[PDB]
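Between the sequences and the hints, there should be enough to build the whole structure, so can you do that?
The lines below spell out each chain.
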Amino acid sequence: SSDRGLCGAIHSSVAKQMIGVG
Amino acid sequence: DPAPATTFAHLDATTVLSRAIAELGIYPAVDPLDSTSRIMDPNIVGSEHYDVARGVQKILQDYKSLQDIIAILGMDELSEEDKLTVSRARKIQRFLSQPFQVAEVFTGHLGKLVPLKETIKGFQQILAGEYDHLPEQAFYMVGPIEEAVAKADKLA
Amino acid sequence: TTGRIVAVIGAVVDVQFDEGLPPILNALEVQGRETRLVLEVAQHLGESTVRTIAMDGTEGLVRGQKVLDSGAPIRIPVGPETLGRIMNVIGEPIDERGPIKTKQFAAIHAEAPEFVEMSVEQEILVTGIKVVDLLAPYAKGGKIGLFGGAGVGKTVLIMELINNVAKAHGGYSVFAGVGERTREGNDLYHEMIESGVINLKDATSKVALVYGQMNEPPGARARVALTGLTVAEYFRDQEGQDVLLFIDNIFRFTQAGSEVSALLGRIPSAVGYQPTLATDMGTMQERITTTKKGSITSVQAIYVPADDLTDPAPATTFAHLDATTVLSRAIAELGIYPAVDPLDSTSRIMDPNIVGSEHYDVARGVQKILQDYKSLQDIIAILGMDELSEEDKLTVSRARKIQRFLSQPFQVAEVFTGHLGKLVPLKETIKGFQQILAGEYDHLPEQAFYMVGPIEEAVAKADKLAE
Amino acid sequence: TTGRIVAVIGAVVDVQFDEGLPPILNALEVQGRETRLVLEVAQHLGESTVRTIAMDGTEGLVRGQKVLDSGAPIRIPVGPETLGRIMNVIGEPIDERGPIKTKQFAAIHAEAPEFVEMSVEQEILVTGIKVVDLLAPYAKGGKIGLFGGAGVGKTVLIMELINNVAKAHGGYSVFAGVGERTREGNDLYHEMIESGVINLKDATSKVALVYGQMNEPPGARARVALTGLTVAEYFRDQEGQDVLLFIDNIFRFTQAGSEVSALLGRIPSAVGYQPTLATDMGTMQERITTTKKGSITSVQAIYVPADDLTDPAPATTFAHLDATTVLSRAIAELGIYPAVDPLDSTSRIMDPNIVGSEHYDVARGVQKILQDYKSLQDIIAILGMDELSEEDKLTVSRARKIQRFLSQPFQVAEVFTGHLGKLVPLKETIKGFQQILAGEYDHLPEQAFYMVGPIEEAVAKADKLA
Amino acid sequence: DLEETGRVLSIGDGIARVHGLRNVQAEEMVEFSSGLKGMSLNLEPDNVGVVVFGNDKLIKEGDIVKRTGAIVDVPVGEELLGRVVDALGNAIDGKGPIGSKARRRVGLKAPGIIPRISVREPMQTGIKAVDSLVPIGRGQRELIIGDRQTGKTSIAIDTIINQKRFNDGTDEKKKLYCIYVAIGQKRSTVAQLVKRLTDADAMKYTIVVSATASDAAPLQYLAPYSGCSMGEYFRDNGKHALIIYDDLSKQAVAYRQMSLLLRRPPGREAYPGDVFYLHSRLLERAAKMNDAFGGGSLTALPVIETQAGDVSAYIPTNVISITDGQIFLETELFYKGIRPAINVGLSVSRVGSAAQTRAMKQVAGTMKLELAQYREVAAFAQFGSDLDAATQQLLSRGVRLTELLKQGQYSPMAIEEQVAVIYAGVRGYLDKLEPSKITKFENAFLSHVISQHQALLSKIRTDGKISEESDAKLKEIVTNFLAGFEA
Amino acid sequence: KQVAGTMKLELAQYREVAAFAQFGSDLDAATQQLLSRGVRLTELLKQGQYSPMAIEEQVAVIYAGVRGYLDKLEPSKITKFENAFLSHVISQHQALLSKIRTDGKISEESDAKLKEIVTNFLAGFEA
Ligand SMILES: Nc1ncnc2c1ncn2[C@@H]1O[C@H](COP(=O)(O)OP(=O)(O)NP(=O)(O)O)[C@@H](O)[C@H]1O
Ligand SMILES: Nc1ncnc2c1ncn2[C@@H]1O[C@H](COP(=O)(O)OP(=O)(O)O)[C@@H](O)[C@H]1O
Ligand SMILES: [Mg+2]
Ligand SMILES: [Mg+2]
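Going down the list, the sequences are from chains G, F, D, E, A and C.
Throughout the first sequence, residue numbering follows the authors' numbering, covering 72 to 89, 106 to 109 in sequence.
Counting from 319, one number per residue, gives the positions in the second sequence under the authors' numbering.
Counting from 9, one number per residue, gives the positions in the third sequence under the authors' numbering.
Counting from 9, one number per residue, gives the positions in the fourth sequence under the authors' numbering.
Counting from 24, one number per residue, gives the positions in the fifth sequence under the authors' numbering.
Counting from 384, one number per residue, gives the positions in the sixth sequence under the authors' numbering.
Be careful, since some hints might not be right.
[Said to hold, decoys possible] List of simulated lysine-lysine pairs, DSBU-like, C-alpha gap at most 30 Å: (1) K376/F - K429/C; (2) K87/G - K430/F; (3) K496/C - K469/D; (4) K430/D - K384/C; (5) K300/D - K384/A; (6) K162/E - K227/A.
[Said to hold, decoys possible] Derived list of chain A stretches under chain D, where covered just means 3 residues or more per stretch with a C-beta under 8 Å from a C-beta of chain D: (7) 47 to 54; (8) 211 to 220; (9) 236 to 248; (10) 255 to 264; (11) 372 to 378.
Quick caveat, the hints were computed from the structure, so don't treat them as lab data.
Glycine included, C-beta positions come from ideal geometry on N, C-alpha and C.
So this is what it looks like as structure tokens:
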């Protein structure tokens with residue numbers, strides 16, 4: 072994903088599917 | 319207002335109804351954190367009853383605290399934990415609603431009357447997380463917890 | 009000349025006089041009482057009847073009861089003899105230490121000094137309290153005011169001002185207890201005997217006391233501020249010296265007047281106050297002042313009904329003041345004491361031509377970063393900390409430290425803090441804050457600056473927190 | 009007959025009459041004064057005593073000072089000789105040009121036209137101003153709220169309205185300065201002289217001015233509206249005209265009435281307004297209307313206290329408005345004159361059953377295309393103008409082309425600019441935007457439609473651009 | 024005789040009910056036996072509501088009250104200059120008699136609609152933010168408004184200190200005599216006030232009319248009018264006066280007192296129905312007269328204190344409505360380092376460009392437009408990392424023009440000096456200079472142009488605008504100066 | 384006093400830091416510690432009804448908190464720990480309790496015996 076939050080379910084959606108990028 | 323304000327101290331149990339709640343479809347439109355009773359005491363109603371009630375009202379208040387963060391940034395910005403208190407509270411708000419035999423014309427449901435045990439076990443089970451997998455809508459306008467389950471399966 | 013009580017409703021007493029009618033402000037003496045009961049003339053109603061406010065309970069009065077006119081206003085003892093003594097509204101001693109042997113007395117009602125009597129002199133009064141000395145410092149012979157809502161720290165602050173400034177005072181102090189706690193007065197009496205500023209054995213006492221606390225009726229509370237004031241006045245003029253005047257709490261003068269206002273027949277102004285609030289205040293405040301004959305440094309605790317500073321009473325007071333220390337519940341709630349609001353406290357002498365460009369620049373800076381922070385608060389509270397510029401989120405870390413460094417353990421609040429009292433010299437306060445703004449402590453933890461004296465102790469406190 | 013002042017308390021004066029008592033609303037002439045002091049009977053206290061509200065200062069009045077009942081309410085001069093004149097609330101000239109010599113006088117208090125005297129029809133009052141007619145059209149005899157405040161073309165619009173209604177409908181105008189600032193009343197009067205609408209040389213004037221300046225007592229400012237209203241009632245009733253009546257401003261009519269109410273010892277109502285808030289308003293407004301003989305249309309400037317549309321003052325007011333002209337600073341800064349906001353300005357008669365199926369559909373298309381042009385301006389900032397679809401490229405062109413055609417040069421400003429003004433007939437307005445929406449002028453340059461009269465003068469402006 | 028005299032029926036709270044005085048005029052001044060004055064505000068069927076100019080203690084039931092044929096007027100003239108007087112022109116500065124040869128009534132009608140010409144001539148405050156963005160004109164009424172302790176008195180004081188530069192000149196047209204009315208303030212505050220005027224050698228053309236906190240209610244009520252009448256002496260005899268009413272909140276309060284005690288009906292905030300009238304008849308008397316009438320003027324800077332910045336409160340509502348514009352001050356701007364704390368977006372002057380010289384009008388218009396585009400953007404300031412060059416430049420310009428609007432107290436600027444410094448910003452020369460450094464810059468740059476380029480300062484004035492030649496000299500003075508600064 | 388002297392200002396500071404650290408990203412050891420303390424102190428001040436506690440027992444509970452001995456114990460077990468700990472000293476250590484109540488203080492001696500009890504009890508509790 073990335074560093075920056077406030078993009079809704081972006082980071083959570085791949086953390087659900089879960106070295107990381109971002 | 320002086321009229322109701324002065325009335326509170328004359329009662330042994332209050333049931334405060336809330337326009338906002340009624341407008342969300344929850345009937346009876348009971349405010350769960352403004353209704354009180356003087357027999358809400360572990361030595362009168364038993365520790366089990368008391369513990370579930372306080373648990374129900376705890377998750378409802380924690381959820382109420384989270385509602386301003388929700389109203390600007392919505393569901394997504396919450397930690398995984400808050401999302402769980404949200405999902406459970408919302409299922410709990412819905413399961414507080416009930417079809418009344420007297421209100422069948424407005425609700426479209428046959429009226430329901432739930433034994434005290436069944437009421438306890440229902441909220442107990444929603445607090446232990448037993449129905450985390452069920453969708454909210456299943457808890458809206460039912461009687462015993464078993465009906466919520468049946469409505470969940472009926473939703474396919 | 010003799011009068012007769014004709015009506016009694018609470019504190020208000022209507023008296024009829026067949027012959028000579030006592031002029032407004034005269035003290036009347038009620039006959040057939042065990043303790044002396046004075047009625048002050050307030051109105052001429054018409055029909056040889058005068059409307060009076062009572063300086064004590066009215067229980068036991070009967071229509072027809074006799075009232076003498078003393079032929080003059082309330083006169084009180086004024087002089088060296090009032091020192092170490094405790095007086096009430098009407099100059100009676102209330103310390104069970106016998107008569108008050110003065111050569112002369114004085115009416116508690118007097119004209120204010122004229123404009124030609126005014127002084128323009130102003131030089132700093134250092135308090136040893138970081139936030140006052142830094143952002144809104146007091147002047148010698150100035151009118152200071154302590155605004156605060158219920159239980160935010162006025163009295164504590166004024167006790168500390170008394171400790172830090174009144175022991176090391178060459179002149180005389182006056183304390184007037186106006187409508188506050190009687191327990192606080194006992195407290196203050198025995199703390200001063202201990203510190204020596206009152207002595208019960210010789211004539212070295214440097215403080216006079218006058219009390220009329222919330223256990224008294226409205227009239228008593230409505231005049232007791234003038235009694236104190238009048239003791240202050242004598243010391244200013246007839247000796248010329250440096251008078252300290254402490255008043256806790258001046259609001260209680262205004263509240264007392266409102267208590268009796270409807271019985272005096274007034275239509276109420278807004279927020280239920282007497283319509284004569286500003287002027288009643290004016291004719292009273294204007295005696296509290298430094299003149300060419302002598303200097304009064306006056307400090308006044310000022311209650312803020314329902315925490316709302318726009319309340320007629322506190323709002324009308326600001327303008328009678330040279331320095332304002334405003335305390336806030338929101339700030340007290342965080343544990344920041346003294347709970348002084350740095351974005352609402354002011355001083356006439358906060359000006360570079362006076363305190364110098366170094367003091368002024370620092371102070372202004374402290375407010376700048378604090379105000380900048382305040383407008384970022386509500387914003388980053390929801391929009392997340394991480395989105396901030398690395399120079400912005402430094403002004404966040406620095407303001408949060410400066411807020412804490414504004415806090416300070418007080419000598420008189422040891423029972424509240426657990427901490428030892430600390431007095432910070434002026435230069436050390438300027439230097440400490442200068443250094444935080446500079447960035448010299450960005451590596452130090454926030455909580456290191458909390459509840460300490462000078463900048464050293466924040467650094468020392470940082471190590472104790474490192475393990 | 010003659011009574012005696014028995015009580016003076018600020019602007020309230022009580023008079024006692026030995027014989028016949030002057031009914032409520034009657035005008036009383038106080039004697040022994042250098043200038044005219046009129047007392048309007050407000051109440052009958054009993055014991056032969058009336059309570060009055062003073063129309064000027066009361067400094068100097070003595071208990072016992074004679075007061076002559078005029079036998080009527082306040083009567084003011086009306087008729088054509090008032091045009092170009094400035095009168096005050098009691099009908100005196102304050103422009104220092106000498107008596108207003110009319111063959112009629114009229115009372116400022118009149119009951120509203122009866123149910124039978126009402127026109128059951130809803131007619132448009134063509135202004136000639138394109139934005140208005142097309143989108144927020146005036147009802148003949150309706151009331152219009154004018155929002156904006158300062159520096160938005162407020163005086164120019166007023167002056168053009170006066171001019172266009174004289175020309176196209178042969179009706180005159182009245183201006184009622186309720187709480188007029190002396191300074192601004194001096195300026196407006198001269199601005200009117202310079203634009204032609206007032207003429208001091210001959211008798212071609214089109215407005216009559218009635219000023220109730222801010223430094224006058226409560227009762228004066230409460231009544232000026234009525235004074236001007238009656239000047240207008242002459243033209244409708246005696247001459248059969250369709251008249252324009254400007255009220256500036258309607259909020260200060262409310263407040264003035266609130267202050268009167270407060271002086272008469274009455275209990276304030278919600279938010280400290282007079283309890284007769286709605287009736288005070290009602291008896292003045294209902295006079296503004298279409299009779300079978302003629303109509304009075306009123307343009308009323310509104311101030312919204314606290315920016316609160318639910319404050320009793322603007323709430324009560326809105327009940328009488330049939331349309332709003334909104335003048336915006338944003339639009340002015342984009343060089344659109346009149347600075348009228350085409351989205352904010354509404355009309356009750358913007359209804360196909362009143363203005364016609366056709367007039368309806370064009371307005372709603374113009375409204376729609378401008379709304380949809382606002383939707384794209386973000387994507388314009390984001391993707392540029394050349395990442396629009398081909399249908400969307402058009403909406404922008406057309407929208408921008410409609411925006412400018414809503415602008416128009418005013419006659420009242422021919423002096424300041426050198427450009428000839430345009431009163432544009434309703435059907436040409438309807439047609440111009442009708443044809444733009446259809447894309448019958450997409451090929452024409454954007455700038456051809458700017459500051460123009462009818463659609464022919466846009467094609468004329470496009471052909472002249474080398 | 025109950026026609027020319029009366030007896031006090033009842034006395035209290037500064038109200039004397041008098042039986043008799045049948046021939047008193049409404050608002051007439053009567054005299055009590057002890058020698059205190061009284062104004063007859065209520066004439067009732069069976070008594071006269073008299074308002075007490077002093078202590079009640081001197082008046083008893085049955086006291087004789089006389090009509091002396093008195094006339095509520097005040098000494099008027101140039102002999103009031105350099106003097107501090109009370110609400111009735113009595114000297115209170117201890118310098119003996121006012122050598123006054125003329126008098127004027129304190130309650131008088133404002134000039135009407137006809138005897139005036141449009142507000143045209145500048146009224147230079149010397150405050151950059153004001154002269155540029157909220158410019159006042161001779162005859163206008165311009166409200167100074169803000170919460171407590173926001174810098175309201177300051178705006179007026181500096182304005183008064185600024186006139187020195189015109190009054191010591193030989194242009195009679197440009198001269199401005201000043202009147203500062205202290206209503207409801209404390210004496211010591213007033214004293215510091217006139218000290219600051221004396222130190223700035225400003226007192227010689229200023230009249231201070233002070234009705235302080237312990238002066239009876241009616242005095243505080245008349246003071247604005249008395250002051251107003253003194254400033255009319257100048258208006259009517261071909262001259263120009265500036266009047267500061269400080270403040271009107273407190274005046275209204277004094278009147279509210281009298282009304283309520285006179286038992287008149289209370290309204291919103293317990294103010295009577297004639298409180299708007301009170302203030303509106305004062306402020307209409309400020310005016311620009313035409314040549315036919317002498318061509319003089321009286322300019323009013325009324326002061327209003329808000330409470331928690333409530334501009335919609337009854338009395339603020341009244342004066343905002345009444346005036347031609349408002350200078351709003353804020354406490355948050357104050358502590359942001361924005362001093363004077365003028366809110367530039369909210370403040371207005373409906374007179375506008377009409378009261379600016381062509382010089383200021385030019386650079387002002389740019390600044391005004393550029394700060395407004397800034398205000399459109401200033402929220403993306405501290406949360407803008409990925410902004411386009413265009414909006415990045417709006418901020419940069421915005422932040423710098425903002426710094427150029429900051430100003431030290433007690434140092435008003437000549438108009439050309441303002442335009443030279445606004446020029447620095449509007450032409451973009453400071454765009455690459457650090458915000459924190461701008462005030463330091465301005466001080467050094469201005470000292471330099473007053474020191475070395477007095478001629479150039481002489482030419483920005485004379486020319487009306489900034490010539491191509493002045494545009495050349497500045498382009499070079501700044502570029503080089505700036506390089507020296509950052510070196 | 385020995386145990387509660389600075390607690391009040393500590394808790395007001397704690398609650399302000401919880402709110403400011405609500406947007407959870409990396410924090411120093413200083414503020415992590417204050418929060419750890421606060422969340423635990425806060426559970427310590429919870430109490431049922433109709434069983435007011437003797438002062439000595441109040442002191443013992445608070446003691447365990449303020450000295451940091453529960454800093455590493457899960458916050459939701461604090462309540463369960465207090466009741467265990469209390470019911471322990473009431474029977475096993477009436478001598479210590481007796482001494483604190485009579486002396487009205489925690490002497491260097493009591494301090495040593497309290498420390499020893501709470502450490503080894505907590506461990507047993509957390510087994
Ligand atoms: N331009 C300025 N720059 C810096 N400080 C200023 C400026 N103007 C005023 N001050 C200071 O700000 C403080 C308050 O200003 P003041 O003129 O009293 O405004 P105010 O709103 O009239 N206050 P008050 O009458 O006490 O309610 C004083 O300490 C001034 O010295
Ligand atoms: N400087 C201080 N340090 C620590 N605690 C304080 C301080 N000032 C006040 N407090 C707390 O607030 C309470 C109220 O203080 P007090 O001075 O009586 O308030 P006020 O006089 O404003 O009502 C005190 O009893 C104390 O608990
Ligand atoms: Mg206190
Ligand atoms: Mg001021």
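query = Checking C-beta pairs, does the segment 47 to 54 of chain A have three or more residues closer than 8 Å to chain D?
reply = violated (count 0)
request  = Mind checking the alpha carbons of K376/F and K429/C for me, to see if they're no more than 30 Å apart?
outcome  = This hinted pair holds, its Cα atoms lying about 15 Å apart.
ask   = Are 3 or more residues of the segment 211 to 220 of chain A near chain D, judged by a Cβ distance of less than 8 Å?
value = holds (count 6)
key: Pair hint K300/D and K384/A, alpha-carbon separation not exceeding 30 Å   = Violated. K300/D to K384/A sits at ~49 Å, over the 30 Å cutoff.
message = For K87/G and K430/F, compute the direct alpha-carbon distance and say whether it is at most 30 Å.
response = Violated - the C-alpha atoms of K430/F and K87/G are around 39 Å apart, more than 30 Å.
ask   = Within the segment 255 to 264 of chain A, is the number of residues with a Cβ closer than 8 Å to a Cβ of chain D three or more?
value = Since three or more residues must qualify, the claim that chain D covers the segment 255 to 264 of chain A is violated, with 0 doing so at under 8 Å.
message = Is the listed coverage of the segment 236 to 248 of chain A by chain D valid when you require three or more residues with a beta carbon under 8 Å from a beta carbon of that chain?
response = Since three or more residues must qualify, the claim that chain D covers the segment 236 to 248 of chain A holds, with 5 doing so at under 8 Å.
ask   = Per the coverage rule (Cβ-Cβ under 8 Å, at least three residues), is the segment 372 to 378 of chain A covered by chain D?
value = violated (count 0)
request  = Sort out whether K384/C lies within 30 Å of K430/D, counting only the CA atoms.
outcome  = holds (20 Å)
query = Does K496/C pair with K469/D here, judged by a C-alpha cut-off of 30 Å?
reply = holds (29 Å)
Satisfaction of hint between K227/A and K162/E, Cα-Cα up to 30 Å = violated (44 Å)
Violated hints for the displayed structure, listed by number in ascending order: 2, 5, 6, 7, 10 and 11.
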